[PDB]
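Quick one: the structure is below, questions incoming.
A protein chain is absent from this complex, but the other protein chains hold their places.
When the chains are written out, they are named A, B, C, D and E in that same order, and each has its own residue count from 1.
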Amino acid sequence: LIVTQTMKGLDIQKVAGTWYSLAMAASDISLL
Amino acid sequence: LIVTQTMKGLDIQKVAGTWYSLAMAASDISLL
Amino acid sequence: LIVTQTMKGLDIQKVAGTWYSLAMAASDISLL
Amino acid sequence: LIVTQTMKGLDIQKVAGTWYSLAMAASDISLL
Amino acid sequence: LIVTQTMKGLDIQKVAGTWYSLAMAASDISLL
Partner (left out) sequence: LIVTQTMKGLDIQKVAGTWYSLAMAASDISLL
């Protein structure tokens, strides 16, 4: 398993809330 | 398992809330 | 397990709240 | 002549160019 | 002549260029 996540040139504003993650990677992921 | 997360040129403003993580990586991840 | 998280050129302002982590990595991660 | 210009809650981003004025008021105005 | 210009809660980012004025008021104004 190979994960390559690249982000370039991002503009985030007024994102009031519960922002968990911009980029996420794992072997196993579960949201309840 | 290989994880490569790169971020370049980011502008975050007025993100009032509960920002957990910009970049996240793990073997196992669970959100309840 | 290899984790490589790089961040370059970041501008964060007015992020009043409960900012936990910009970059996170672990073997196991759970949020309740 | 009465001018009342109010602005509340504004979000301006990536406005690269020649932004002259957000709010303008005058007796006389000419653009060549 | 009365001019009342109020601004509240403004978020300006990445406005690279030749930003002249946010709020402008005059008796006479000409742009060549």
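Note that in this section a residue touches a chain if its C-beta (ideal position, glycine included) is under 8 Å from a C-beta of that chain, and two chains touch if they have at least 3 such contacts.
In the full complex, chain C touches the hidden chain at residues 11, 13-14. Taking the whole complex into account, chain B touches the unshown chain at residues 11, 13-14.
Take chain E: the residues that touch the chain left off the picture are 1-32.
Basically, only the chains that are shown with their structure count from here on.
Distance from the chain A centre to the chain E centre is 37 Å, each centre being the mean of its Cα atoms. Between the Cα centres of chain A and chain B there is a gap of 5 Å. Each of residues 11, 13-14 in chain D touches at least two other chains.
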